[PDB]
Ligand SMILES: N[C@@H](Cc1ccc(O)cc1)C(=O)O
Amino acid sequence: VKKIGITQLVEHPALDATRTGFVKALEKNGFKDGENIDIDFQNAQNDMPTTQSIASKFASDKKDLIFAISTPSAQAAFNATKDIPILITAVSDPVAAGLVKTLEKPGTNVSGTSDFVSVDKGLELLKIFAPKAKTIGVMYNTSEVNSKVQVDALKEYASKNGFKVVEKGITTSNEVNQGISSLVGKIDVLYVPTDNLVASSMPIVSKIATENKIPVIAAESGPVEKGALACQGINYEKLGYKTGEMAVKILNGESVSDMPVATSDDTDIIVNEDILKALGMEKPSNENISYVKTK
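Which structure does this chain take on its own in the form deposited without the named molecule, if you write just that chain?
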């Protein structure tokens, strides 16, 4: 019989879906719950101390495998053991989190899947939603450290592909309406990074961008649902299933320090149906595109 611990940070559609898929991969490969495996599911419920508890508990439980969902959940797992295999998922940056020596060759007890989506993947959509675009807009928070990383990525994409960039650096939420408005007439497309300031004030940005025919490309599905045009979001159930297939490999034998970190692979284009009609644009004819409505 097998003891598998699942440590999740919080209940959340993306994270919940990686769980669902991970289980299914085990089931189709013959590891039914309470038959020859037992799954210890622990939600930390967004309590950051309780991620540590779950880790330590699973260490002294001597679990066969620790499936960890989210960067904090995975970090806590790494503290509590350096001799139980720990499969991650929903972690953007494994090397910056300190879970793995290099992405290709683990050199530790920690393999799994990343949920990273590059600025490159996102801007493949310029072809579809902003054809012959010359100049990309980007509004972002100077305070948020991971935004300027994402903006530097965009300037480096822009430079290398022949686009110009227009930046609005802002700090406070009240500056937004003014910001997005100052970008009217100067940009062919706006890119919304994963950035708490701007991701949270979408209903405003949606309004002012859509009124001037400006397409809004987002780095994830959340801002699409709330009035951005499209994103290159991941199917988290599939990223889970992938990670669940990597489990079956460890159970039936494989050594996890050799196992390389598999990636998103299957990412689907998610388009806001409604925002599309409001831009006067018609649906792309490639049928492998998903659609959603605003809130």
Second form
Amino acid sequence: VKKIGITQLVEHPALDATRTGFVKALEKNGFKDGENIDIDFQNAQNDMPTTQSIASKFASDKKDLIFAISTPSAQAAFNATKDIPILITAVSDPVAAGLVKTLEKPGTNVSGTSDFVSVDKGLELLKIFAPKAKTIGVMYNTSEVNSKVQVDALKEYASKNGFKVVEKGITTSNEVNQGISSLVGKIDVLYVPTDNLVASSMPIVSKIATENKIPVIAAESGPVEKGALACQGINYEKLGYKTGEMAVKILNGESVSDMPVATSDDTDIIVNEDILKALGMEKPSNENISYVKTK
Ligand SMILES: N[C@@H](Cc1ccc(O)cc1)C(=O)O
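In place of the form deposited without the named molecule, the structure of the form solved in complex with the named molecule is requested.
Now the full complex is given, and it begins with the chain already shown.
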């Protein structure tokens, strides 16, 4: 029986979706929990020390494979073991996180999928929902390398395309209230990168932003379900399913160190119709938009 450890940072929609897809891929390929695999699922509940203790225990348990969901969980798994294969998902920038040498040839015990998406995809939506906006706010966790890379990308785009960026770096969930509140009066739109801290506090961000008539564009649909206005993002269940197919390969003997990291080029526009209505906006004509209601 192959023993798989799954280390997930926290329940937020994107991370949950990757776990769902990964398990379905393994099952479709004949690997079934309680039969020829054992899945030990561990949630850190957003606690950074717990990402490290989960990973430590998976290494001392001698798991056959570790599936790590998010940058923090992956970094912890990599710190814990350089021998057990680690498959990642929902990692924005595996190279910047120190997990792989290159995407095409990791050269380490880590491979999997990246949730990289260009800032351009979300900022395209300004033409639709805030066509006169000139100042973009971004709140993010200064401890997440995934977020730092995306903020740099945002600033590069803004410098190219005539926008101002106002940053609010935080490190704790207790800072969210004053952080979003402080951006009121100073921004035309909020961009939410794939930041685990902010994604976990989206209902708060949404409530204050929407009361202040600030559109919030997120990088992916989880925050939209939790009260952001819109996104043009990837499908995280599919990303997880791809990672499970790569697991099948590793369980069957393929070398993780030569397995290329996979990404998705397929995005979909999803809008929260409740938030749209609260902002006094009309549904645009665009046939490719799908609508969600608040989770
Ligand atoms: N990209 C994040 C995970 C994440 C995904 C979706 C989000 O909305 C937020 C965070 C990481 O590298 O850890």
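Numbering follows the first chain given and starts at 1.
Each of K155, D266, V95, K24 but one sits over 12 positions from any hinge; the one at the hinge between the rigid parts between the two forms is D266.
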